[PDB]
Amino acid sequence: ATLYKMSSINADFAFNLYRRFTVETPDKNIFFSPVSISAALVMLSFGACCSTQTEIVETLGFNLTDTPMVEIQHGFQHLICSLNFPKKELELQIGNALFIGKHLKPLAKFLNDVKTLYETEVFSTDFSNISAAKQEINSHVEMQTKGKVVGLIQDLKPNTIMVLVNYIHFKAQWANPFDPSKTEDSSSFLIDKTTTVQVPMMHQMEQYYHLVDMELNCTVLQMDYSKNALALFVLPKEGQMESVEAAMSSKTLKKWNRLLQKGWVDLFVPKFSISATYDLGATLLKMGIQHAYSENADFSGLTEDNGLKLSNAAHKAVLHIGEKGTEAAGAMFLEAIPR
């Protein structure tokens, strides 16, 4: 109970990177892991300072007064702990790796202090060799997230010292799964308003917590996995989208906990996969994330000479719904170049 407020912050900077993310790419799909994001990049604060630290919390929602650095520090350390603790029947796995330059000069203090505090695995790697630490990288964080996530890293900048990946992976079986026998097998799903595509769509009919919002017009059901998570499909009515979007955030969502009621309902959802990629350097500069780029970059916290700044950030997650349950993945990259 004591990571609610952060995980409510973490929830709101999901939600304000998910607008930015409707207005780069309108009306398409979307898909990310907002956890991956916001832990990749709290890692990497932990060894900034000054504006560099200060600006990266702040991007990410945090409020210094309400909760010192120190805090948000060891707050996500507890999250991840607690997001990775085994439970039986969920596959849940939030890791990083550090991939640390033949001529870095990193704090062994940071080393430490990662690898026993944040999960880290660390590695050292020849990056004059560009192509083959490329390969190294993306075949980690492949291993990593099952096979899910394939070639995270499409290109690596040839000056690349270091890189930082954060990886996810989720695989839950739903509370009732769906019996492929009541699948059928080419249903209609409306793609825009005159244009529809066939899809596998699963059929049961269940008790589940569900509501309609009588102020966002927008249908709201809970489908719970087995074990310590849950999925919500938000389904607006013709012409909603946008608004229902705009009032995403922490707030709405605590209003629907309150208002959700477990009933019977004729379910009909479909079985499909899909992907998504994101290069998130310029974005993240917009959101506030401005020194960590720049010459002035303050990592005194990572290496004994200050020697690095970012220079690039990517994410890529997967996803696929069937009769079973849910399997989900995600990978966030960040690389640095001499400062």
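Throughout, rigid core stands for the largest set of C-alpha atoms superposing within 1.5 Å between the two forms. Numbering follows the first chain given and starts at 1. What changes on going to the form deposited in another entry:
- Just one of the listed positions, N257, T219, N159, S139, moves its Cα by at least 2 Å between these two forms when the rigid core is held fixed, and it is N159.
- When two forms of a protein are overlaid on their rigid core, residues whose CA moves 2 Å or more are considered shifted, and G307 is one of them between these two forms.
- For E206, a C-alpha deviation below 2 angstroms is recorded between these two forms after rigid-core alignment.
- Once you line up the core between these two forms, the Cα of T125 ends up 2 Å or more from where it was.
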Second form
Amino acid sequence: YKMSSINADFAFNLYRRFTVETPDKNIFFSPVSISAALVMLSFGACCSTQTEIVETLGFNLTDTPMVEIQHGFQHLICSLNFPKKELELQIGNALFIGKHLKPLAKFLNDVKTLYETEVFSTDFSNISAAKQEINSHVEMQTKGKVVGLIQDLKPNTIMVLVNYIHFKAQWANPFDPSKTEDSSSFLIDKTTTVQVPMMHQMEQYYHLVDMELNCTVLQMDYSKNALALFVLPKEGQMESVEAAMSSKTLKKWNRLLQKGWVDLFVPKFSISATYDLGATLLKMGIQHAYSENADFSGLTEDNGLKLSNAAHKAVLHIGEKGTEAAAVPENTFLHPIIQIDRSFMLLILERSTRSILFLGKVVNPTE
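Pass me the form deposited in another entry as well; I've looked at the form deposited in one PDB entry already.
Nothing else is written out below except the one chain.
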């Protein structure tokens, strides 16, 4: 439906902003975790403070009113977090608000019930302790994956917004670790290579050669409800492919991907990136939230509350097993070969709601 479509466009707009902030470097975030976190924040906001968030998120208030957007994200969060057999998936977020400001009981229950949101009362006069509280909550929620989310914290800080995702899944076709090459050449520039181990399997994969956008798209299924999309642009075409990415593009690929026997070569690697979302969201329209003129009346009765920081970090491993620790010890040329040896874009999607669990660019897979 339309919400999936509107969230994917946000994902690619948010992605592009990151390409101007940090050009020619790795990008990695959970757009759905961000999109859901902002709506949640919005719930406690009033007037133009609230209005701005939903419009930066990509929604039109004439098309769909605020209550419908809430009920939609209500349903999206609930369906995602629903424990499905062979998949661990949790999209969550928290708030850390200065002890002197009392959040409303209605708001508290509403966000825990409808948005999977815990709200914490934190003392920000001890920026050291305050950091350790926050980081440990994300470290706890993500089962040790996302460590040390927040490095910097101003003495001013009044409210800190944190969003995250927990993801654990197996490949539908797991790789043979014995078939993994120890050191393969991987292009990052046009005049730099790095040694990345290269996993090797020949199996049936969905793929496409896009003649219009000048890239190869490969789909690798997880066993339950999730898939990876590897987008490999021809040389010099990385940025034009970045311009191309939209909801309209995915719909195209969904219609056109074909299954066949492929000699597949995929790098074994871990990617992580950490963001303070403020600089880009400020550019993208969310003003009044960070402002001294913030209206968060739905959240608290008493005065002086506003958003200090929105912080998010995404971590993902690509291994032989799936999204899990490897630690594993140690025929023909008439198959069409797909070899991911250059810098590529990467998408992790969830099937039933068409959400983007992860998006990013891998420029260099060795941190």
